[PDB]
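A.B. asks: Work out the full structure: start from the sequences and follow the hints.
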Amino acid sequence: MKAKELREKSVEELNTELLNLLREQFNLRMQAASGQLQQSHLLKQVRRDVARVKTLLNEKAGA
Amino acid sequence: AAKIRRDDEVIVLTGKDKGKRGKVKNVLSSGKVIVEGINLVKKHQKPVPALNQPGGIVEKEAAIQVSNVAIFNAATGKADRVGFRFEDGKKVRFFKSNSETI
Amino acid sequence: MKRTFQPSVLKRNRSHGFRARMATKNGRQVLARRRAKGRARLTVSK
Amino acid sequence: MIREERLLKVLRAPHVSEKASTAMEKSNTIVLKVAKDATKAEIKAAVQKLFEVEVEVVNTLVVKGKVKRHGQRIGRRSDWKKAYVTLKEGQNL
Amino acid sequence: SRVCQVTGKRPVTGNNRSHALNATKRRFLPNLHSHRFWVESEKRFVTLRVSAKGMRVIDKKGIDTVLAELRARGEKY
RNA sequence: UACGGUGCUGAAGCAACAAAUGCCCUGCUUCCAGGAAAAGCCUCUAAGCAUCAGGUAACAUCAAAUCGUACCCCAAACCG
RNA sequence: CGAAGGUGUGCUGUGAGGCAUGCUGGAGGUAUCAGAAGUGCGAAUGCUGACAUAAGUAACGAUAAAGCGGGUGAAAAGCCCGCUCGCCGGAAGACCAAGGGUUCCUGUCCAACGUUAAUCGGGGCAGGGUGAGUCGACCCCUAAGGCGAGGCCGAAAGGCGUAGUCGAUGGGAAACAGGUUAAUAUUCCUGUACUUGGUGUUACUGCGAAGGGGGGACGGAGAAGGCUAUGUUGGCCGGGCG
RNA sequence: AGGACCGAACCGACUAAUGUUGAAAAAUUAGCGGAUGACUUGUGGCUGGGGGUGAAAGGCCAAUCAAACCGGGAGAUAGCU
RNA sequence: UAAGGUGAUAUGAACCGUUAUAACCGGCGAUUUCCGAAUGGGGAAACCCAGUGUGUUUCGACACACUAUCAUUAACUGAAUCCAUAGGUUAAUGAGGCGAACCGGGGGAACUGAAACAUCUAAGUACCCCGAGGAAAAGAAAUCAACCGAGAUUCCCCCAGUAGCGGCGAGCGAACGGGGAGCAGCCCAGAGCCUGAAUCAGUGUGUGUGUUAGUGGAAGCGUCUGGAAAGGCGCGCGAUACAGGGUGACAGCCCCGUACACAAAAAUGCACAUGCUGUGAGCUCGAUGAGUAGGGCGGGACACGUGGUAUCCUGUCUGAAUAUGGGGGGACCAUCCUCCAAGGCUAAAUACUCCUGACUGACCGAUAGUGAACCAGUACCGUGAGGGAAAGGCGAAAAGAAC
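Residue numbers (the entry's author numbering), protein chains in the order written: chain l, 1 to 63; chain h, 2 to 103; chain p, 1 to 46; chain g, 1 to 93; chain k, 2 to 78.
A hint or two may mislead.
As the list claims (entries may be wrong) - Derived DEER-like restraints, expressed as beta-carbon distance ranges:
{"id": "1", "chain 1": "h", "residue 1": "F95", "chain 2": "l", "residue 2": "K4", "range": "35 to 43 Å"}
{"id": "2", "chain 1": "g", "residue 1": "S21", "chain 2": "h", "residue 2": "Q54", "range": "31 to 39 Å"}
{"id": "3", "chain 1": "l", "residue 1": "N27", "chain 2": "g", "residue 2": "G90", "range": "19 to 27 Å"}
To be verified - Pairs of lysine-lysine, DSS-like flavour, derived with a Cα cap of 27 Å:
{"id": "4", "chain 1": "h", "residue 1": "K17", "chain 2": "h", "residue 2": "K33"}
{"id": "5", "chain 1": "l", "residue 1": "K44", "chain 2": "g", "residue 2": "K19"}
{"id": "6", "chain 1": "g", "residue 1": "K36", "chain 2": "g", "residue 2": "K66"}
{"id": "7", "chain 1": "g", "residue 1": "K82", "chain 2": "p", "residue 2": "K46"}
{"id": "8", "chain 1": "h", "residue 1": "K19", "chain 2": "h", "residue 2": "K97"}
{"id": "9", "chain 1": "g", "residue 1": "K9", "chain 2": "l", "residue 2": "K9"}
Hints in this document: simulated from the structure, not taken from any laboratory.
Using N, Cα and C, we set each Cβ at its ideal position, and we do this for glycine too.
C.D. replies: Structural data, given as structure tokens:
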């Protein structure tokens, strides 16, 4: 997912931005630190995916 | 690129297994390879009180050097060195001595 | 008996601390020698 | 108001202990590890909006990191912040 | 500092020599005086710290040319 | 009563006298050696603003952030 | 089919030395003839490391002092519990500041640390623990003093200093009782409070300063008077009649 | 009233003994002086090396003082060991 | 580029990838908390406290940006005072700090040597301070030479431990001239003719080459000892490749490489070519650097210590001629020769190595070589500046010892 994020509008990367943080990131920090979450790789891939959305969002907004 | 690689059948050139064929299990970035049924060490490990306890003397394979193996030709039935040629933009390996692409 | 080192953090810092080495020419040369010698702690700050 | 991007990064873990446990089962307070730069307004707003409960008041201490060692190599852990979040009479989590 | 504002005369260094030739360090100082110069073109008194041969060169070159040199080299008067 | 305690219940709960180096007291008396400053605080107005702004009073409501808080501290934890 | 090195033996040269070989070792050595030297150690109160000697010797850190029973343990003079005994009690008690920085509390281990043993510990390992509108800091204000735009001065670096700006050891708003944790509490809980700002409504209304005045605002000693903390005794209440 | 008197805290340090590879690189014990003053103490500040400060001893200036400490000139120089 | 990866101690768990959007390598971007010149004010560095403006469909609270000083320039304001200057406000541009050596300049010791010591030496060294560059500095004759000539500066070898200076002690010590490295000349003080004429500087573009990833890269088997072969023995092959490193002992032919031949989407350094802008060629005529040269006094630099001392620099007092003129030619005068100060620019030869790459050593091999082969400027010591260690090697492979 790098062209897929590249082909939306600024509003839609703000939506999937807030959903990467909201649904994914926070619930996996809370789920990870409360004994659950066997699958730990999700933390990494979510974090890098927020990096992609902020990158494309900085590239799309202005310069 | 790398001459001996992952799913490949080799023969062993030096030591304890000289002339034994076998398939490469994996290949370690130390420049070593683990080849099945070849460099068998008799480890004996402790039954850790965590998840399952085998105990005993487990006979594993050890990593031999990449330079101690060469891939088995099977058209001549001997060891053979590997080169790299280009075919249709693909860098392919080929056997030396009959020049056959692998 | 009353030994010489009677510690105070405020006098340690006002005297030999970083904002007090940087405050003058010669303390900046002190910091330059401590960085050049390559030193884990330059001043005594904490 | 506090933006939601800030407000997600503040809460970090629920704190499990016996002081925490007796705080929940005896005085409505949930104890949780927060961001080190998180203020009490941020923690209150983030529990209001991320566990959808009603917070009465927050009390924040900062816990100092312990100097451990491996072998003969020391190291301080890391300071964190712990928030005693006193909820109202209607709560579950 | 003791610099003539016209000629640029710093204090220089030297030796007190004696009759036994014992060298000692000394400073030769310029004859710096603070004199107030009437400029007719501006109708004002510009006060300068001149030497006593900065006044010779002001008497010869004129005060306007000298002030043009000080304004030229960024000496503020 | 995992004898470690844990809950429940709980009477009287007054007076006299003595009394500080603490309080009235930043007082009072006295003495020369003649005993910080600036803000908060209370007031006065100038420029300005004048049926606005501001001030006062009552009521309501919101806010009071941040860092320290363990433990030793005449000492086996500080300086030796 | 065993190098250097190490350790013995035998032979040999006038000597420094050489040669052969057993055992250890486990991978390098080097003829001859030349070349270059960090080229030869017993001394330097030589430098560094190791190991002796006195020597199983002095000592084991206040002459406040211990005794017994029981428990745990592989093992108890020292740990835990109990009963006695002694010591401090204007301290050897309690609370802080400075300073330290997890030593606090719990479980667990006894290698080293503890001048002995240790099951114990301020030791090792792991987990826990520090909750504030009212306490303190930050903050507002300043003293000594620092720094200091401009500025005056000075070979350069820089010195001094005006406006200012910092600087507590001083001045400035407000919370007490009771309960609770193994470990925090004027912070948590219960009860009862108080303070300062913002905003809104309502009623009345002249408000307004890096400006004026007051106040803050402040010595040593002494003397009583009125109190309180606190204590003693009686009354009351509960228990005892040895 | 008092650089007043006796005497604890507090500041000091006159004598003796111990200690002198100490419990301690200056103390302990028993006595001793001052103890409302030219006192004592906390916190901060200022003075710096031929310089400070000194009720003056050449005392003190981080267990160092007839010229601190650190670094450098520097492998000073040593007709001496 | 790729069949394997998610850095190490350091294994695990959870996964990603295998013909291409795993991972790894490179170019260009994005993010880049706080402290630090630190720059909004302050401060005990990594913290405390703001102001101003813009925006925020819960705008009772948030988010972003700007706000240091100084120099220069401009605009608007603006005292004593009328005009005006000082001052004030705002904007634009630049600077500030760090860094090992080399370089120029401002200051500048003493121990030591003289077998004492004061002139002298050490020594314009150590050190302090300012400034600059990839080099700096110097530089285009008011220079030598010597009646012949040379032709800017810098560096090297002689000259030559020479002439000289010297309590004529200790010591200091040239130039002329010769041989080389390198070679380059110009502009303003000034008008007219004439214009873009060479010249460089700033940029675009094109070409060539280099850097930053890479690609291909020859040729061996049998037998004996052995734990293991690259070793012994026997027979082959490569070489524009027998530099080196690893592989279970010593490998040209096992592996990585080496010789050799190629490779860049992008960013770049250098060199040509070329577009634009700025800049000025060339001709005639004129001018041709005044508190200056020189002097008196004091001091310094010249190899030269005031001496018979030329020359240069100037703190102080003075003070010309200005091409029918002036400086020098080692006191000084005359004759003769040579040159044109009081304005400035200028490449190369030259000096150095914080840092990068490749290669090399009759350099060291763990008490050596860096203080530091190892998580070393660390532990530790000291208030501080500062001082400053010790410590490498199981094995071929952890098969690192089940029971």
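A.B. asks: Failing hints, ascending?
C.D. replies: 5
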